[PDB]
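K.L.:
As a plain string of letters, each chain reads:
Number of protein chains: 2
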Amino acid sequence: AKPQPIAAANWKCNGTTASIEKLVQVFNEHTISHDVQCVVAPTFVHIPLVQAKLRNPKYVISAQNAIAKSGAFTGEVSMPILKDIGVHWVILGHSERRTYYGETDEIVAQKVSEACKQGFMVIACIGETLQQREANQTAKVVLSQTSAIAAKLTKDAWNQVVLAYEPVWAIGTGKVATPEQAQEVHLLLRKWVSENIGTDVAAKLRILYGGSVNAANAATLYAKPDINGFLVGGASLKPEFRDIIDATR
Amino acid sequence: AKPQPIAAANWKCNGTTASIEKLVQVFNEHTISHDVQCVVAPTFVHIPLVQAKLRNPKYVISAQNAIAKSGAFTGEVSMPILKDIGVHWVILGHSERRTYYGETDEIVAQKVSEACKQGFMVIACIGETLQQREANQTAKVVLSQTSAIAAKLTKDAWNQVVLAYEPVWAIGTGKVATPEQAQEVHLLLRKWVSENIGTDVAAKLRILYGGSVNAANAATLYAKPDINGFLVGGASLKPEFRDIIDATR
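As they're listed, the protein sequences go chains U and X.
The first sequence runs contiguously to residue 251 in the UniProt record's numbering.
The second sequence runs contiguously to residue 251 in the UniProt record's numbering.
This is chain U alone, in the form it adopts within the complex:
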């Protein structure tokens, strides 16, 4: 049996107070009747508003990034600061941060390790580029990204880890991976985890797909045996996030 699914909303750098209040009310009014962990990741400045307004019992709130330690880091938000304000989920290593904001495999791995030490649930993002896929490097790439993370984790830390496989070429592009494309990668990841970390870890690990997930494509993705839910960007700013949650039934 699959582990508990996750439906995660990465709002990215988007929102107004008015738009968030409206969307949150839509999410609150959508009554969910199955076991699923829903996650909303707003911008940092919107975390208090979402904390005040989001009441659906299936949801938790996540940050979109963090740094490990407080101190002289003008502009940044640390893991202790998030924990204190009641945020205990974080997305780390998103492709936009790997690509625009310098986050190498080592930097991502270090962040994930620190977040686990500080008691976070972590959605750790991995995925290959278009060029890497064309070169038949997908497996080497995602396994290298995963192994870099793993090397900084104890076995027991994996209870706090969620992997999100997002092919870079599928993020925001109108070009979702097919169910067969996604399942092939999730199967390889779970095999690596089973062999390197443990069979027990692998059976419990949520491996989410992201990159152009929408209400119409989600159910057929979820039907694949190694897909445990979704990391959703554009569609998570819309009412159709309700249908993506329901696609994890």
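Careful: at least some of the hints might be erroneous.
Claimed, not checked - Below are the DSSO-like pairs computed for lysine-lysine, each with C-alpha atoms no more than 30 angstroms apart in a straight line:
#, chain 1, residue 1, chain 2, residue 2
1, X, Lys119, X, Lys177
2, U, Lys157, U, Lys142
3, U, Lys55, X, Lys157
4, U, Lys157, U, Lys24
5, X, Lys4, X, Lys60
6, U, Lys71, X, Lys157
7, U, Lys85, X, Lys4
8, U, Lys71, X, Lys4
9, X, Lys60, U, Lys119
10, U, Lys71, X, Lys119
11, U, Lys226, X, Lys85
12, X, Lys85, U, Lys55
13, X, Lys85, U, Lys24
14, U, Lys24, X, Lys71
15, U, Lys85, X, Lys119
Honestly, the hints are just simulated from the structure, not real lab data.
Chain U is already provided as a structure; the job is to place chain X on it using the hints.
P.N.:
Same frame as chain U, but now just chain X:
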């Protein structure tokens, strides 16, 4: 006559709800009896708390950074998002971001220009390194940093600009610039502004000093004719920020 002084608190990546509530109460209870713009710049996630609790009429709230536009920028906070939540001040180009987070003169200049277009007051940070100072490059460096900003601004945008001169070697190091060191640089900056932008602009421009400002050194810095207040890091997390404000009398 000097323009209205500014006393700005850069909290950097620091705070808990409890510590912020206590410090804000200290700031609220300190009754200020002269014309000064006080600024508090908390982390993004703490902006709503500070907005809820800070009531001293001499204060405004600033962000510590921003990006220009909303969109697919996981982890970042944009200028439109800040404006919508009621933050219309931003610190841009702080040394920690120039040094750790890739912000070149061009990137800083572009951010400042965008913030002015969007109606922000901007505290734009400039300053030379230890090595640059030893090489007698201070003036060339700060003028190049200032000119890069200026090249993207219309004359009228300068009503929204505040410069903060922070020698990098003075930030967090226990080694404040002397009043004579700071004044020499502020005099050169104001001369450049007068000659390149206008005499009217130069007379109204606030040029703040930062780098190890504390309650005991602030008044003698403020006594210099071209110093218009302070950008304060470590001491702004402490009750002594009250005395730094009072040093602008």
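K.L.:
Decide, hint by hint, whether the structure agrees.
P.N.:
Taking the hints in turn, this is what the structure says about them:
The suggested pairing of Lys119 of chain X with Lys177 of chain X is violated, with an alpha-carbon distance near 36 angstroms, which exceeds 30 angstroms. Of the supplied pair hints, the one linking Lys157 of chain U and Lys142 of chain U holds, its CA atoms being roughly 22 angstroms apart against a limit of 30 angstroms. For the hint pairing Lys55 of chain U with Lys157 of chain X, the CA-to-CA distance comes to about 43 angstroms; that exceeds 30 angstroms, so the pair is violated. Between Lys157 of chain U and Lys24 of chain U, the direct Cα distance comes to roughly 41 angstroms. Violation of the 30 angstroms bound is thereby established for this hinted pair.
For a cut-off of 30 angstroms, the pair hint linking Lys4 of chain X to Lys60 of chain X stands: about 18 angstroms separates their Cα positions. Restraint check for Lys71 of chain U and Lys157 of chain X: the C-alpha separation of about 41 angstroms exceeds 30 angstroms, so the hint is violated. For the given pair, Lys85 of chain U sits about 44 angstroms from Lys4 of chain X by alpha-carbon distance, which is inconsistent with the 30 angstroms threshold. Simply put, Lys71 of chain U and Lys4 of chain X have alpha-carbon atoms about 40 angstroms apart, too far for the 30 angstroms limit, and the pair is violated.
Annotation: proposed proximity of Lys60 of chain X to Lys119 of chain U is violated, straight-line Cα distance about 41 angstroms (limit 30 angstroms). Annotation: proposed proximity of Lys71 of chain U to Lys119 of chain X is violated, straight-line Cα distance about 34 angstroms (limit 30 angstroms). In summary, the hint linking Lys226 of chain U to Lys85 of chain X is not supported, as the alpha carbons are separated by about 43 angstroms, beyond the 30 angstroms threshold. With a C-alpha separation of about 20 angstroms, the suggested pairing of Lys85 of chain X with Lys55 of chain U holds against the 30 angstroms cut-off.
For the suggested pair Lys85 of chain X and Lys24 of chain U, the alpha carbons sit about 19 angstroms apart, so the restraint of at most 30 angstroms is met. A distance of roughly 22 angstroms separates the Cα atoms of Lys24 of chain U and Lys71 of chain X; the hinted pair therefore holds under the 30 angstroms criterion. Straight-line distance between C-alpha atoms of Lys85 of chain U and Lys119 of chain X comes to about 35 angstroms, which puts the hinted pair past the 30 angstroms bound.
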